[PDB]
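> What follows is each chain in one-letter form.
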Amino acid sequence: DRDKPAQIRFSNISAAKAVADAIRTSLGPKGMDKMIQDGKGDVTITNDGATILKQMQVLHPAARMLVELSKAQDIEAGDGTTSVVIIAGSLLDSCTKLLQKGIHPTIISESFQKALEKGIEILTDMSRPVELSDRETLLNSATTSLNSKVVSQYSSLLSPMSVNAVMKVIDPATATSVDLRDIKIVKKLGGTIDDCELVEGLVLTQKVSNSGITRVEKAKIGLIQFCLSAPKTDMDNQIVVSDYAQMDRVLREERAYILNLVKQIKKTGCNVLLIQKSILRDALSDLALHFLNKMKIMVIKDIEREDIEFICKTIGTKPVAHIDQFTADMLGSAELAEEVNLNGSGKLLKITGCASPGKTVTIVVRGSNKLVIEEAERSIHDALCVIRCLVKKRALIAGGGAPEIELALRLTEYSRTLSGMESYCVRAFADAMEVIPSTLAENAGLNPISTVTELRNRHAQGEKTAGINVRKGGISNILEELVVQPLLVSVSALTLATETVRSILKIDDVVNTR
Amino acid sequence: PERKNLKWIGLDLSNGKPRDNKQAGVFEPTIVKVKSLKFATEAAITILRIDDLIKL
Ligand SMILES: Nc1ncnc2c1ncn2[C@@H]1O[C@H](COP(=O)(O)OP(=O)(O)O)[C@@H](O)[C@H]1O
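Residue numbers (PDB author numbering), protein chains in the order written: chain D, 26 to 539; chain A, 478 to 533.
Treat the hints as calculated values from the structure; they're not laboratory data. Some clues are possibly wrong.
[Claimed, not checked] Partial selection, computed: residues in chain D whose CB lies under 7 Å from chain A: (1) 57; (2) 76; (3) 77; (4) 207; (5) 210; (6) 496; (7) 500; (8) 503.
[Said to hold, decoys possible] The list that follows gives simulated cross-link-like pairs (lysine-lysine, BS3-like), each with its CA atoms no further than 25 Å apart: (9) D:55 x D:243; (10) D:174 x D:232; (11) A:532 x D:79; (12) D:65 x A:515; (13) D:319 x D:291; (14) D:55 x A:532; (15) D:42 x A:515; (16) D:96 x A:481; (17) D:302 x D:257; (18) D:55 x A:515; (19) D:212 x D:338.
[As the list claims (entries may be wrong)] Pairwise CB distance ranges (calculated): (20) D:498 x A:533: 35 to 43 Å; (21) D:218 x A:523: 40 to 48 Å; (22) D:164 x A:505: 50 to 58 Å; (23) D:499 x A:500: 39 to 47 Å; (24) A:533 x D:532: 47 to 55 Å; (25) A:507 x D:499: 49 to 57 Å.
The beta carbon of each residue, even a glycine, is placed where N, CA and C say it ideally should be.
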C-alpha cells in the first residue's frame with residue numbers, strides 16, 4: 026500500500042544519514058583523527074575517508090550503494106572521495122522534507138536532473154581553458170598544480186621525480202590517456218634514492234647463477250611454462266630399504282631419469298630456462314643444476330604473474346604450454362644483459378631493450394630504511410594521477426567554497442525565474458549546496474553563518490571575489506595562493522551524486538527476500 | 478633589570494628556606510629539559526588531536 030513503502034523509504038533515508046554522519050569531521054587539511062579499533066584489540070589512527078569507508082562493514086542496501094558510489098568515484102576521478110557522501114546526505118535530507126509535504130518522486134527527479142544540467146553548464150561556462158600543445162605551458166601547469174598537495178619539503182623532494190615522470194611524452198595530446206595501461210614502477214631496497222632514471226626494456230632483481238662467465242645474448246628470456254616438478258611417490262617407502270638394490274634404483278631414478286628430459290629439451294637452440302615462484306616445490310634436485318652448469322647455465326626464479334604479463338606485453342609475445350610442441354615461437358630480443366650493482370647492496374639487472382615494438386618505460390626508484398620509498402611512490406602516484414586528470418580535459422578552477430555559493434545563487438535565481446510546481450523542488454537544491462564552505466569555516470575556527478553570509482554578499486556584489494583561507498585564517502583572494510583543481514573532479518562528482526540520489530529515490534515498494 | 482647571574486634563588490632539601498643555587502647548587506643539562514618539554518608538548522598535542530575511539 027502506502028504505509029509500507031513510506032516506512033521503507035524513511036528507514037533507508039535514516040540509514041543513509043547515519044552512514045553520512047558517521048564520518049564528517051575530516052574534510053580539509055585541518056581535519057580530526059580517528060582511532061579505529063580492530064576485533065582483536067588493536068587500534069589504528071587514521072584520517073582518510075576512503076580507508077574508513079573500506080575498513081568498516083555493515084549490511085544494508087543504502088550503505089552498499091554508497092560504498093559502491095565512493096569506489097566508483099575513487100576509480101574514475103581519484104580525488105575528493107568524501108564530499109560526494111555529504112552531497113548525497115544533503116540531497117536526501119532535502120528530499121525528506123520534499124516528500125513530507127506530498128510531491129511525486131518523478132517531478133523531484135526531473136527537477137534534480139534539470140538542476141544538475143544547469144549546474145554543469147554553469148561550471149563549464151565559468152571555467153577558463155588553457156593550452157598544452159607545447160612543453161612550457163604543460164610544465165608550468167604541472168608545477169602550479171603540484172605545489173599544493175603536501176608540505177613544502179616533501180614537495181621539494183618529489184619535484185625531481187615529478188619532472189622526471191612528466192617528461193614521458195608519448196600521446197600527442199589525445200582525448201584519453203594510457204598512464205594506467207603500460208606502467209610498472211618497481212621498488213628496490215638499498216642504495217641512495219638520488220640514483221633514479223627512466224629505464225626501458227625490463228628490470229629484474231634475481232641472481233642468475235654463480236659460475237664462470239654469463240655474458241651472452243640469447244633472447245634473454247626463456248619462454249617455457251611446462252611443469253618442472255619431480256614425480257612424487259605414492260607413499261613414503263614402497264618396500265624395505267637396508268642394503269643395496271633399493272639404493273641403486275632410487276639413485277638411477279634421481280640421476281638417470283630427469284637428465285634424459287634435460288637432454289631432450291636442451292637439443293633445441295637458445296638454452297635458456299627458468300621457473301615461477303617456489304610456492305609449491307619442496308626441494309629442487311641440485312644434481313640437475315650441477316649437470317646444467319656446463320654448456321652455458323642461465324636460470325631466473327622468483328617470478329610472479331604480473332611480471333609475466335608485463336614481459337609478454339612489452340616485448341610482444343605469447344606464452345606457450347604443453348610438452349608436445351615442435352614449433353619455434355618462443356624466441357625474444359637479443360641486445361645486452363649481465364649487469365652489476367650500482368655501488369651498494371642488492372642485486373638488480375636492467376635491459377634497455379633496443380629495437381622493440383613496445384616503448385614501455387618505467388621508473389626504478391630506491392630508498393633507505395623503508396621510510397622514503399613508499400612516500401615517494403605515493404607522491405609520484407598522485408603526480409601522474411593529477412597529470413592524467415589535467416590532460417583529460419583543459420578546464421580548471423579554484424576551490425574554497427566560492428563555486429558552491431555561486432552555483433547556489435544561480436540555482437536560486439533560476440528557480441525564481443523558472444515557472445512551475447517543480448521550481449520548489451529546485452529550491453531544495455538551492456538549500457543543498459552551502460555545506461562545504463560551512464564545514465570548512467567550522468573546522469577552521471570561525472563563525473560559519475557569518476562567513477557564509479559574507480561570502481554570499483560578496484558574490485552578489487562583486488561576482489568573483491575571494492573564498493576561505495586556511496593558512497592565514499581569514500578571507501583572502503585565491504589568485505595569490507598557488508592552488509587549483511580540475512573541473513572534472515566536480516562535474517563527475519555531481520553527476521555521480523545525482524545518479525545515486527535518483528537510483529535511491531526510484532527504488533521503493535517492498536523489499537522481499539528468500 | 479639589575480643582573481642575570483645573581484638573584485636566582487631556589488628551593489632547599491635540608492629545610493624549607495630559600496637558598497641561592499649558584500655558589501653551592503648543582504647544575505643540570507639544558508638540552509635534557511628542552512627535549513623533555515618538547516616531548517611533553519608533542520604528547521599533549523597528539524592526545525588533544527584524538528577525537529573519537531569508536532570502531533568506524
Ligand atoms: N591549500 C588549501 N586552501 C584552501 N582549501 C583547501 C586547500 N587544500 C585543500 N583544501 C580544501 O580541502 C578539501 C578537501 O579536503 P580532504 O577531504 O582532506 O582532501 P580530499 O578531498 O582530497 O580527500 C577541498 O574541498 C578543498 O576546498
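> With reference to the structure, classify each hint as holding or not holding.
The hints, checked one at a time:
1. 57: Given a least distance of 4 Å, the restraint on residue 57 (chain D) holds.
2. 76: 10 Å, violated
3. 77: With Cβ-Cβ at 5 Å, under 7 Å, it holds.
4. 207: The hint is violated - residue 207 (chain D) has no Cβ within 7 Å of chain A, the shortest such distance being about 38 Å.
5. 210: At 32 Å from the nearest chain A Cβ, residue 210 (chain D) fails the 7 Å test, so the hint is violated.
6. 496: 18 Å, violated
7. 500: Interface hint status for residue 500 (chain D): violated (26 Å vs cutoff 7 Å).
8. 503: Hint on residue 503 (chain D): violated, closest Cβ of chain A at ~28 Å, above 7 Å.
9. D:55 x D:243: Violated: residue 55 (chain D) and residue 243 (chain D) sit about 58 Å apart, past 25 Å.
10. D:174 x D:232: Cα-Cα ~39 Å, so violated.
11. A:532 x D:79: With Cα atoms ~13 Å apart, residue 532 (chain A) and residue 79 (chain D) stay inside 25 Å; holds.
12. D:65 x A:515: Distance ~33 Å between residue 65 (chain D) and residue 515 (chain A) Cα, so the pair is violated.
13. D:319 x D:291: Distance of about 12 Å is within 25 Å: holds.
14. D:55 x A:532: 22 Å, holds
15. D:42 x A:515: 42 Å, violated
16. D:96 x A:481: 64 Å, violated
17. D:302 x D:257: 19 Å, holds
18. D:55 x A:515: Holds, at roughly 22 Å.
19. D:212 x D:338: Holds, at about 20 Å.
20. D:498 x A:533: 35 to 43 Å: 29 Å, violated
21. D:218 x A:523: 40 to 48 Å: Violated: the Cβ-Cβ distance is about 28 Å, outside 40 to 48 Å.
22. D:164 x A:505: 50 to 58 Å: For residue 164 (chain D) and residue 505 (chain A) the Cβ distance comes to about 55 Å; the hint holds.
23. D:499 x A:500: 39 to 47 Å: Cβ of residue 499 (chain D) to Cβ of residue 500 (chain A): about 53 Å, so the range 39 to 47 Å is violated.
24. A:533 x D:532: 47 to 55 Å: Violated, at about 26 Å.
25. A:507 x D:499: 49 to 57 Å: 38 Å, violated
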